[PDB]
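Given as structure tokens, the chain that follows is alone and in the form deposited without the ligand.
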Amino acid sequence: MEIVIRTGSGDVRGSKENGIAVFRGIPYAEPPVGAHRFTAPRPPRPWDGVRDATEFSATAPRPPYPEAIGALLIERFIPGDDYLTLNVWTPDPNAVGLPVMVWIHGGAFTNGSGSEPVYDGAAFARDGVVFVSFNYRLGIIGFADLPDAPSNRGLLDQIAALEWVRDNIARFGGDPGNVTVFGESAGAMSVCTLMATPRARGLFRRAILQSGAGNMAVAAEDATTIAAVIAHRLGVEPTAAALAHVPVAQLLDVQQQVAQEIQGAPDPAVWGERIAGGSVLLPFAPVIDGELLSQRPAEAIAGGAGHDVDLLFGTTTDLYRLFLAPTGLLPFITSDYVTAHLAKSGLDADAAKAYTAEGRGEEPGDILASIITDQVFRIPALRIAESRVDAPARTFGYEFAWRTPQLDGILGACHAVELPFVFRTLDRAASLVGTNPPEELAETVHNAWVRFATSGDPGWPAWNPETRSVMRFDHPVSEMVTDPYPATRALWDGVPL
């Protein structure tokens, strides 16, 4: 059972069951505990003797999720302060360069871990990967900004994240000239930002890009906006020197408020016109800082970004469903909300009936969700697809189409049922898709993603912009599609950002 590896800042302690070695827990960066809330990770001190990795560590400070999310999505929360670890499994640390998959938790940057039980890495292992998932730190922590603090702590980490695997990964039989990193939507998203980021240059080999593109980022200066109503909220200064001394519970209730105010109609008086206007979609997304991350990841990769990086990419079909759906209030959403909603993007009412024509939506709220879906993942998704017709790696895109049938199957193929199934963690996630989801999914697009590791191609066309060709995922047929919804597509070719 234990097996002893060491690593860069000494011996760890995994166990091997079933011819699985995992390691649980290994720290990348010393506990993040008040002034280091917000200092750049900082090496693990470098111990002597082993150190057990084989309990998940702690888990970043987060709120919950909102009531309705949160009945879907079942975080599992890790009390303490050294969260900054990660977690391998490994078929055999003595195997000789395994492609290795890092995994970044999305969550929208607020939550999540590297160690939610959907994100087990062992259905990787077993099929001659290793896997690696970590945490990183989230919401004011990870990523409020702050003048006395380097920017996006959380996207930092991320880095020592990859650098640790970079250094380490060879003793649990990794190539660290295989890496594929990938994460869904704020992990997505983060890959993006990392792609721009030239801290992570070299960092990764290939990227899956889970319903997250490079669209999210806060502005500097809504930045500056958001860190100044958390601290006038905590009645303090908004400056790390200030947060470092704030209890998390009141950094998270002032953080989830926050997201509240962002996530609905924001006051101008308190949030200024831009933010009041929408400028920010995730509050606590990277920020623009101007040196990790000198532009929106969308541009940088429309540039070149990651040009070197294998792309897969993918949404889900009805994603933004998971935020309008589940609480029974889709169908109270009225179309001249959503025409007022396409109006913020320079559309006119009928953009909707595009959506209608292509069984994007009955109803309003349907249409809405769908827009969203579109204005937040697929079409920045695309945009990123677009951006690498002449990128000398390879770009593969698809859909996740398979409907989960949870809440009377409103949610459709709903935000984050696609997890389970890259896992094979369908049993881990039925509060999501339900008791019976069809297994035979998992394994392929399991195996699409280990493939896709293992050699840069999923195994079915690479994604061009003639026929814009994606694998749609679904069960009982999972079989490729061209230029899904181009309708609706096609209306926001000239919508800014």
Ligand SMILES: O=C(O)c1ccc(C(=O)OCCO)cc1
Contents of the next structure:
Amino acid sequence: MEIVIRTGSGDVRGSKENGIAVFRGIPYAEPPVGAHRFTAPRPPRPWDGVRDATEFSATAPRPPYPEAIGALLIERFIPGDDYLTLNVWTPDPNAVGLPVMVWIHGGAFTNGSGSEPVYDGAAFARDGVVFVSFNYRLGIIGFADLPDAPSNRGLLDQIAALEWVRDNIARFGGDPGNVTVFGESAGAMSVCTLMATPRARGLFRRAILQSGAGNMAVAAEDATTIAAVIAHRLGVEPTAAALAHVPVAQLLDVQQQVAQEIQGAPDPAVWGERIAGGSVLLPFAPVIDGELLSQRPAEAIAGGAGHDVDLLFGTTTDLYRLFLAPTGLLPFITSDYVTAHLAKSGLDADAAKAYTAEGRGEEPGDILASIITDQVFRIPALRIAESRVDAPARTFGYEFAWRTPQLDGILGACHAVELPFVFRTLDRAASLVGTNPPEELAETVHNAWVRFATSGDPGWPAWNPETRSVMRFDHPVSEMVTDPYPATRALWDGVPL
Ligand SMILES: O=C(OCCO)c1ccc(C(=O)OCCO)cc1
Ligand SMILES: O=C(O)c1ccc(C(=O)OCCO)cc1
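Rather than the form deposited without the ligand that you just supplied, could I have the structure of the form deposited with the ligand bound?
Below, the chain from earlier opens the complete complex, with every other chain and molecule after it.
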């Protein structure tokens, strides 16, 4: 049962059971404590002997999800400082050249961990894929921009994790030259950001973007504002030099206030006009710092970033219903609010009619959920695909359309429902997908992911602008569809960003 493998920092002891070797909490960066909250990830202090790698490490400091989300997305926090660790599932460390899937968890850059139960890599390892998950720094620590700290520590962490994979995964049976990085939303946005980041060069051959594209970045000037507000509220200077000393509970508290305020209508007196005007989607998304991330990933990708990387991308049909529906308040959303929302994008009120006409929302709240799904996820995803029309690498699209039965079906195919299907961890996701989700669909989706990691082809026609074909996953039927939601898609043709 014990299995000892050499990492670049020393031997680690995992566990091998029923054909799968599992290593949990392999350090890939020194604990980011104090000042090192904000420094670039440091290689773990080498050790002699054998470091235990049987238990997941500490996870990154995160605030609890808002109660609405947190009842559906139940996070597993692991206390401690040594959280820049990764986990490896391999069917056999001695294997030759296994596909490697590196999971970058989502969680809006403030939440998540690589070690969440639903992200268990065993189903991947069972299918002949080396699976790697890891924690990267989150929130203020990961991404608040500071003049005296490298920007985007969380992104640096992901790079360091992928470099660990590059440098170590052959010892776990993986082909470092067949790495598929994949992630959900913030994790997929991270992947897009990595595509756009010179420092991530060559660290992955393929990418699966589950509900995240290249739009999720903080303008440097906004990140500066955000750090200034954070620091002001903490009563310290907006510097790593100051923030290194703030108890993490206080950090997370102010981080949460920033998150909530940016998620709402930011007070211009506190946030300035840009941020009040919505210039920030996620306040701890990667900063367009200029050195690590030179431009928004979507623009980098439009210019060819990641065009050598095979791409599987998709969205959940009703993604944003997760953020509007679970508390039963969608019916209160008004047409005029939706109209005002559409107007923020320069769309007329009757754009809502197109949503209704395509079955994407009867009531304004439903339409709003679909609009936001489009604005933040589906259209950005499609823009990346469109950008890749001439990419040498392949592009495949999916739509995850299976609707969770939770809360009387009000969530539809909402955000995160696809995750246990990808991972075949449906029994760990019942808070979101209910008690009896179709394991067949988990098999279908997961196997497609494995096939894509293995060969760069998930097993269905490639995406192109001609037919815009995506695999629409659902149960009982997952089938190809072409040019889905063409009328709502066209609404966005000329929308800024
Ligand atoms: O609300 C979101 O869009 C931001 C626009 O304001 C949002 C963004 C990212 C995630 C995520 O990373 O989820 C990963 C799965 O746990 C979830 C939600
Ligand atoms: O989709 C997800 O990411 C996700 C969904 C649900 C859960 C969870 O705690 O379920 C517990 C019931 O088995 C965790 C993660």
